[PDB]
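Undergrad: Residue strings, one per chain:
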Amino acid sequence: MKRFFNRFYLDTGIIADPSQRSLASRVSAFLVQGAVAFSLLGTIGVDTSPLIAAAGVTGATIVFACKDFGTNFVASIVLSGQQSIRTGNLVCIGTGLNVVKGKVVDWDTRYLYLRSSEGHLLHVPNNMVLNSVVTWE
Amino acid sequence: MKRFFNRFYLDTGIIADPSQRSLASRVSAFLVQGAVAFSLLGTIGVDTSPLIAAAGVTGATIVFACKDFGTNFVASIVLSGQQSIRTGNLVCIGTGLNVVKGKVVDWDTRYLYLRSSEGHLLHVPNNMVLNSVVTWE
Amino acid sequence: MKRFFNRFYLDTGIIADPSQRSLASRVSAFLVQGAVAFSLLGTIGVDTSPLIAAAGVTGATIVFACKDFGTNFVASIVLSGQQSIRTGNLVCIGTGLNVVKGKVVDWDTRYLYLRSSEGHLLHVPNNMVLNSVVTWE
Amino acid sequence: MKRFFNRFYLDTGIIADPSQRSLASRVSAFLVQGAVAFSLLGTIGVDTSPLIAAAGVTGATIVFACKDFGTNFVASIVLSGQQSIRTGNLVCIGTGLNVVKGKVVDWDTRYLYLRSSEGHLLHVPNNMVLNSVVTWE
Amino acid sequence: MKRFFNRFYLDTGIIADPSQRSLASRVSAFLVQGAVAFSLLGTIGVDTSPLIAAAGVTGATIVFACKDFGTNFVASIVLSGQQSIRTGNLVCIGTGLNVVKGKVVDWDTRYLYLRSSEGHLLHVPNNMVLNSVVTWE
Amino acid sequence: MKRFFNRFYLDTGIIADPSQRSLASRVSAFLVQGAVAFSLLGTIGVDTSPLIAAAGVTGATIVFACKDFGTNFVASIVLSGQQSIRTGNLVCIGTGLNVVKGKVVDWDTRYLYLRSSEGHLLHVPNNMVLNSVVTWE
Amino acid sequence: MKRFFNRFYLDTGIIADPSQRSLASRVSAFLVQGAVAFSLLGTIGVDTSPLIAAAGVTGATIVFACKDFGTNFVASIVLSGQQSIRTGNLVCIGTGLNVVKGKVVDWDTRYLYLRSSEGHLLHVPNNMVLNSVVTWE
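Residue numbers (my numbering), protein chains in the order written: chain A, 22 to 158; chain B, 22 to 158; chain C, 22 to 158; chain D, 22 to 158; chain E, 22 to 158; chain F, 22 to 158; chain G, 22 to 158.
Keep in mind that the hints were calculated from the coordinates and are not lab data.
Please note that the accuracy of each hint is not assured.
Examples of chain A residues lying across from chain B (beta carbon under 7 Å, computed) [what the hints assert, rightly or not]:
#, residue
1, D38
2, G117
3, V120
4, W157
Okay, the calculated bits of chain A under chain B, using three or more residues with CB under 8 Å as the criterion [as the list claims (entries may be wrong)]:
#, region
5, 64–77
6, 80–94
7, 126–135
Note that CB positions come from ideal geometry on N, CA and C, so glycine has one too.
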């Protein structure tokens with residue numbers, strides 16, 4: 022099942038990093054196996070309501086705690102392929118006082134790297150990039 | 022079922038890009054087939070409560086993670102047909118310090134492209150366009 | 022059932038546009054027919070829990086994605102009949118830097134149109150109109 | 022049942038406008054009748070789970086769409102009887118740049134009307150009045 | 022049951038106003054009686070699921086509509102006994118442009134009354150008092 | 022059960038005030054006894070669904086109303102033991118216009134007390150302390 | 022089970038502090054044991070619905086109260102391994118007026134420590150670090 026999940030993630034391009042892809046495949050396989058085991062246990066007569074409630078509460082806690090990380094990952098997934106964000110392109114992010122200017126040097130799944138005029142490295146989150154005005158020369 | 026979903030999406034005009042329409046049709050067909058299979062499994066006696074809980078948690082996670090993308094897509098769907106946003110039209114978006122000025126050159130399902138006086142390309146999200154004051158000369 | 026829903030919407034005045042009224046009547050009729058069919062299927066013994074869960078998840082996704090559109094529509098519904106917002110009336114919306122001034126020329130279910138001193142057309146969303154201070158000369 | 026709901030609303034003073042009171046009484050009577058009918062249908066054996074789910078989804082959509090209207094109505098209900106907000110009283114609402122000054126001339130369930138020094142009519146929502154500093158001379 | 026609820030509220034000090042205490046006691050007694058009646062009806066065989074769903078939806082609507090009022094009441098409950106907020110004490114609430122200065126003259130369950138240097142009466146909500154920096158001379 | 026809850030709270034250090042600890046122990050004992058009684062009542066055949074729904078709605082209302090108080094209490098619990106916040110230590114909280122400067126004199130479970138240069142007493146909520154930049158000389 | 026949870030946490034690197042790891046292992050073991058006991062009790066016939074509802078309400082209260090702490094912990098987990106945040110590295114966090122400048126001296130699971138030009142110690146929460154522009158020389 023891990024191989025199937027890895028192939029699915031690689032084909033759809035959701036995850037490109039081999040380590041992250043392997044970790045996500047393992048997590049998904051474990052979750053599916055646990056769901057199948059819980060269904061089988063509930064079929065024969067075992068009351069699975071407390072287990073379902075505990076699993077749901079734990080999952081909700083994990084999801085709500087990692088909201089920023091998930092949003093940044095989804096923003097990186099969506100922003101992939103954008104023509105304005107390319108290596109060597111001078112872009113400006115934000116409007117007003119909260120403005121960021123630099124040249125794109127490297128792209129990551131959590132941060133967007135820009136090089137300022139003075140040479141400083143700017144780490145702009147993909148979430149900030151999605152919901153902001155992007156100015157490209 | 023994929024053909025039916027594609028025809029539905031094309032007729033209602035929700036999705037116009039053939040690739041996005043095909044992907045959405047495949048996703049919808051898979052979801053409907055999974056729901057039907059789960060209902061059939063639960064009819065004969067298999068306890069489908071853990072499977073339903075896991076599917077609901079995963080769906081909630083996916084929906085909450087892609088909130089910005091979904092909002093931008095819905096904003097693009099709603100804003101289609103607006104007379105103020107047309108090619109060659111000089112429009113101004115925002116009020117106060119957070120203001121954006123340019124001429125509409127191209128429209129997308131995620132970004133709105135404007136050409137500044139200096140020639141810079143401005144990428145204004147459709148979500149920003151919906152909930153802001155639009156000034157058209 | 023579509024005729025009944027159309028008559029209901031026309032009588033209560035929720036929707037005045039014939040196209041929007043027809044679309045909403047069709048959507049409501051389809052939803053009611055689906056609910057009745059699901060209830061009938063569940064009566065004879067078919068496990069409708071997965072179908073109910075999938076329908077609820079899809080409905081929640083659609084509602085959360087169209088939150089801004091629904092809020093604007095409700096704001097337009099509520100603001101109808103206001104004496105301050107009439108054709109030819111000079112009104113001012115907002116306080117401080119985020120201020121909008123103009124004369125009302127046309128009203129829509131999504132935008133409020135104002136004419137500035139220079140002749141620019143201002144598109145103020147009804148949601149912005151509801152939760153803001155309105156100044157009328 | 023409509024008469025009972027109207028008498029209840031009039032006695033508790035929640036709604037004072039006869040038209041709004043009649044509409045709310047009709048809505049409440051319809052909702053109670055529908056709930057009773059659904060309970061009776063479910064008693065004899067009809068599976069009412071899909072109907073309950075659809076009704077809950079529709080109610081949640083309506084509640085979330087009318088959030089601003091409901092909040093303003095509740096704010097008007099709470100603010101009734103306040104000594105600072107009386108006809109002919111010069112009051113100031115807000116702090117800093119977002120400040121509003123005028124004399125109270127008329128009170129409504131959606132807006133608070135103030136007369137400026139120049140004679141302009143200010144429409145301050147009751148929600149803005151509740152969560153703001155009120156200065157009364 | 023109304024007497025028991027009134028005694029409970031008086032002993033715990035949650036509500037001190039006799040009118041508010043009586044209204045809350047009546048509401049609580051009605052809610053408990055309704056819950057007991059619904060449980061008794063469901064025991065003999067009546068399907069109480071639609072009634073439970075309708076009651077839950079109505080309660081959620083009422084709670085969400087009165088969020089500001091409930092928050093202000095809880096803030097007043099918590100802030101009671103604070104040494105900095107006493108009659109005749111000169112206090113300052115807020116930081117930066119959004120600042121409020123005055124002497125405490127009277128305390129209420131919804132507003133905090135301050136007397137300015139010029140003699141104006143300031144109505145600061147208890148919610149604003151809780152989540153702000155308080156400066157006491 | 023009250024003694025057990027008091028010992029648990031004292032050992033884990035969640036609550037240090039004897040009055041608050043006693044009140045929380047009483048509340049927890051009452052809640053556990055009510056849950057056990059409801060389970061016993063539902064075992065013999067009594068339909069406990071309306072009671073569970075009413076208890077859940079009341080608990081959700083209480084939790085949502087006391088959100089600020091709970092957040093401040095958790096912030097005080099987390100911030101305990103911090104080396105920067107000690108008696109006699111000159112600390113600065115906030116960035117930009119919303120800045121607070123003073124020397125720590127006393128610590129509470131709801132407020133943080135600072136002494137300004139002029140001698141004024143500053144009441145900074147623990148929630149404000151947690152999510153802000155702290156500058157310590 | 023405590024040993025298994027401790028080994029799991031140590032291997033995945035979620036928690037590195039031995040005290041926090043031991044506390045989390047104890048909490049997880051207690052939760053799993055309680056869920057298993059509740060399932061066993063519900064299997065033999067005991068109505069576990071009130072217990073499940075009470076446990077879910079308590080868990081939701083605890084999760085919502087510790088939202089900031091959980092978010093900071095997840096931010097610290099995610100930010101681990103970042104090259105820009107290293108000892109002796111001069112970094113700048115924030116844009117506009119809300120800006121923070123200093124050299125990284127020590128890293129914690131709740132705060133990020135920076136040394137200013139004057140020698141002051143700055144405590145920047147990891148949540149603030151994640152959702153902000155980071156400037157590294």
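Undergrad: Determine for every hint whether it applies to the structure shown.
TA: Hints, verified against the model:
1. With 7 Å as the threshold, the beta carbon of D38 of chain A stays out of range of chain B, its nearest partner Cβ sitting at about 17 Å, so the hint is violated.
2. For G117 of chain A, the shortest C-beta to C-beta distance to chain B is roughly 4 Å, which falls under 7 Å, so the interface hint holds.
3. Proximity of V120 of chain A to chain B is violated relative to the hint, the smallest CB-CB distance being about 10 Å (cut-off 7 Å).
4. For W157 of chain A, the interface hint holds, since its Cβ comes within 7 Å of a Cβ in chain B; the closest pair sits about 5 Å apart.
5. Proximity of the region 64–77 of chain A to chain B, defined as three or more residues with a beta carbon under 8 Å from a beta carbon of that chain, is established by the 7 residues found.
6. Taking a C-beta to C-beta cut-off of 8 Å, the region 80–94 of chain A contributes 7 residues in contact with chain B, enough for the three needed, and the coverage statement holds.
7. Coverage of a stretch by a chain is defined here by at least three residues with a beta carbon nearer than 8 Å to that chain's beta carbons; for the region 126–135 of chain A and chain B the count is 0, and the condition is violated.
Checked against the numbered hints listed earlier, the structure breaks hints 1, 3, 7; every other hint is satisfied.
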